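Trainee: The residues making up each chain are set out below.
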Amino acid sequence: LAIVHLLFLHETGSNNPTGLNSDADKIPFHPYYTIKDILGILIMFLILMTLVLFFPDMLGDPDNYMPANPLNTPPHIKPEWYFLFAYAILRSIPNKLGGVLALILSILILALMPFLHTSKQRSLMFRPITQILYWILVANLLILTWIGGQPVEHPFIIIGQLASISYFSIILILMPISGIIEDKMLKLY
Amino acid sequence: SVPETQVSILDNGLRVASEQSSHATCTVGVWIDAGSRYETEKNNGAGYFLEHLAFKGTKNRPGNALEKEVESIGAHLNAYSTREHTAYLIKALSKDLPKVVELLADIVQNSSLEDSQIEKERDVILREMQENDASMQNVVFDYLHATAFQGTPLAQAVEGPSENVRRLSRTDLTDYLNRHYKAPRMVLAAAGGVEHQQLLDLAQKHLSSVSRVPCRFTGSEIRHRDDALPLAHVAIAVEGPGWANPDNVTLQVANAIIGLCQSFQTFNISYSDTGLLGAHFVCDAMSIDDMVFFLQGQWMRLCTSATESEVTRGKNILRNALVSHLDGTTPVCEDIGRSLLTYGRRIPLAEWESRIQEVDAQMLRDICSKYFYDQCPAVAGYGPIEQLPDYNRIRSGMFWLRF
Ligand SMILES: CCCCCCCCCCCCCCCCCC(=O)OC[C@H](COP(=O)(O)OCCN)OC(=O)CCCCCCCCCCCCCCCCC
Ligand code: HEM
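Line by line, the protein sequences are chains AC and AA. Heads up: the first sequence begins at 192 in the authors' numbering, then just goes up one per residue. Numbered by the authors' numbering, the letters in the second sequence go through residues 44 to 256, 267 to 312, 337 to 480 in order.
To be clear, the hints were calculated from the coordinates, so they are not data collected in a lab. All C-beta atoms, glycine included, are put in the ideal place defined by N, C-alpha and C. Take these hints with a grain of salt, some might be off.
As the list claims (entries may be wrong) - Listed next, with one range per pair, are the computed distances between beta-carbon atoms:
| hint | chain 1 | residue 1 | chain 2 | residue 2 | range |
| --- | --- | --- | --- | --- | --- |
| 1 | AA | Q464 | AC | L377 | 31 to 39 Å |
| 2 | AA | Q464 | AC | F246 | 25 to 33 Å |
| 3 | AC | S213 | AA | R390 | 46 to 54 Å |
| 4 | AA | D280 | AC | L377 | 28 to 36 Å |
| 5 | AA | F480 | AC | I232 | 24 to 32 Å |
| 6 | AC | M235 | AA | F476 | 24 to 32 Å |
| 7 | AC | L379 | AA | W477 | 53 to 61 Å |
Full structure from sequences and hints, please.
Mentor: So this is what it looks like as structure tokens:
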């Protein structure tokens with residue numbers, strides 16, 4: 192699927208942070224973005240080996256070092272941290288089914304994302320209001336990651352419920368309206 | 044059996060050189076060590092504009108009456124300017140040898156620059172430059188000189204920028220004339236049916252009045278992209294050795310080995350202890366990169382895998398060449414003037430043949446590895462040059478991972 196991912200991209204070429212047509216300024220990849228990928232590989236290996244050789248259990252759970260007891264239940268059940276945002280959403284919706292669906296949508300909302308683009312500019316380099324909304328989205332994604340960790344009790348629950356409401360409202364509603372407003376400010380709309 | 048070139052010297056320092064031959068017509072010229080390299084960016088078109096003004100009349104021969112004289116004997120009058128040398132030459136009959144020399148004397152001294160003419164020649168020069176851009180290979184070689192000799196007087200063109208052309212005055216010209224036209228930097232060269240003693244007496248009679256008084270290559274790239282042009286011209290060069298370095302001969306043999338793009342020409346341009354050694358090709362956009370790859374491979378083959386048969390072929394091509402040239406009177410005089418200006422002496426063809434026959438394959442690949450292998454080139458492109466590779470790919474093509 193990653194090979195198919197690379198194919199569906201070379202047909203169009205990569206994007207640039209300005210979001211403009213970069214056909215006038217393109218360079219080879221071997222000497223310019225290869226040594227850059229090698230440097231990024233080296234930095235990622237530095238972070239991976241300082242995660243392995245120095246703090247090998249800062250991201251895992253201690254209770255996984257006990258054998259599986261079907262009779263004994265743990266006092267607090269978590270998935271690993273990268274599932275937390277989803278975990279929060281699931282816990283937030285009162286209905287079980289609702290939670291499952293919202294959870295799925297949490298990931299799927301992204302797929303839905305290319306149909307929500309209502310701006311005449313591709314990138315957010317020249318779009319400050321949608322930049323603010325994007326960083327608020329990153330902020331409450333971090334909040335949902337924290338909440339998942341917190342146990343079920345006040346006021347963690349309410350935050351979870353709001354944070355999920357704010358997440359879906361920023362992705363679904365606030366960004367296209369903001370893009371319309373930004374197009375109106377540049378005398379385009 | 045080729046007759047020797049005999050050189051004499053006047054008090055002025057004007058070396059009068061001549062090489063007699065049976066042909067009854069002669070090419071008498073004056074070679075001056077003055078070009079765009081001696082200009083200081085405030086008079087960047089002084090030599091070119093003086094080269095335009097030099098045939099428009101003198102003090103003794105005012106205006107077109109002067110050229111009426113060179114029509115009267117049926118002689119031909121030519122002049123050219125490079126970055127280092129300026130030449131004023133006349134092709135005439137043998138029996139018209141005195142007056143021609145006298146004519147040349149006026150052209151170098153006693154010349155008259157008319158203010159009226161200055162405006163007319165400014166419009167000529169300006170317009171030509173305004174249309175000179177048309178000649179691509181000239182644009183590409185000027186771009187190659189500029190990007191290879193950035194910050195030096197060797198980057199600036201012979202014609203100069205339109206700016207200076209418009210902003211030039213008689214006095215400035217007078218200066219360039221009075222500064223770079225010294226007698227010790229001048230050679231009176233004659234080829235063909237001339238006697239050396241008669242030419243020496245004529246140089247003593249006229250022309251005896253002429254007054255007696267860090268080059269760097271930067272591996273770089275200039276890319277002039279204009280996609281509306283049908284063809285692309287690309288020149289790639291490295292630093293040359295200079296005039297006085299004998300391995301030039303060996304490098305010439307290397308060029309004779311090279312001799337995919339519609340047009341592929343190799344050059345060894347030499348200036349005073351510097352130069353540009355490389356290749357210029359003119360091609361369709363969709364071929365450019367492949368050409369470059371091809372070309373670089375040949376250079377590395379000459380650095381690594383030169384055989385005796387191609388060296389023998391290059392030696393034969395060089396011999397024939399130098400001897401094919403140096404045939405007509407002009408070509409010869411021209412060689413006498415450049416030889417006295419650059420080497421200080423006329424190198425005979427027997428010495429050239431000795432320096433050619435001492436070249437073998439081992440010293441050719443040694444000298445080619447000295448000048449081509451792992452060197453930073455200067456690249457100048459003009460036209461649809463998007464597929465022309467950038468500097469890392471060309472620089473990586475300047476060596477092989479297998480040696
Ligand atoms: C904004 C008012 C005007 C500010 C003017 C500042 C001075 C500008 C002129 C001097 C230059 C200063 C530096 C300029 C940097 C670039 C320009 C800039 O930063 O502009 C201000 C910025 C963007 O402004 P713009 O998009 O043009 O319009 C503002 C719309 N409010 O907007 C901002 O900087 C403010 C953004 C505030 C965002 C606050 C978000 C709070 C909510 C976060 C929620 C996170 C999740 C919480 C939990 C959710 C779940 C429960
Ligand atoms: C399995 C893990 C993945 C791999 C190995 C992968 C691989 C790559 C590679 C090699 C590129 C080209 C280099 C680059 O632009 O960073 C790329 C670009 C891209 N990928 Fe992925 N990818 C992965 C996951 C994803 C996911 C989950 C998404 C969807 C959210 C995605 C969407 C994109 C997009 C949109 C680009 C274009 C970048 C741009 O032009 O801005 N990829 N990916």
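Trainee: All the hints need checking, so say for each whether the structure fits it.
Mentor: To see whether the hints hold, each was checked on the structure:
1. Checked against the given bound of 31 to 39 Å, the beta carbons of AA:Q464 and AC:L377, roughly 36 Å apart, stay inside it.
2. For AA:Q464 and AC:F246, the hinted distance range of 25 to 33 Å is not satisfied, since their beta carbons lie about 50 Å from each other.
3. A hinted range of 46 to 54 Å holds for the C-beta pair AC:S213 and AA:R390, which are about 48 Å apart.
4. Under the hint 28 to 36 Å, the C-beta atoms of AA:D280 and AC:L377, about 30 Å apart, fit the expected range.
5. Checked against the hint of 24 to 32 Å, the C-beta distance between AA:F480 and AC:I232 comes to roughly 29 Å, which is consistent with it.
6. In this structure the supplied range 24 to 32 Å holds for AC:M235 paired with AA:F476, their Cβ-Cβ distance being about 31 Å.
7. Checked against the hint of 53 to 61 Å, the C-beta distance between AC:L379 and AA:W477 comes to roughly 54 Å, which is consistent with it.
Figure legend: structure checked against the earlier numbered hints; the only hint not met is number 2.
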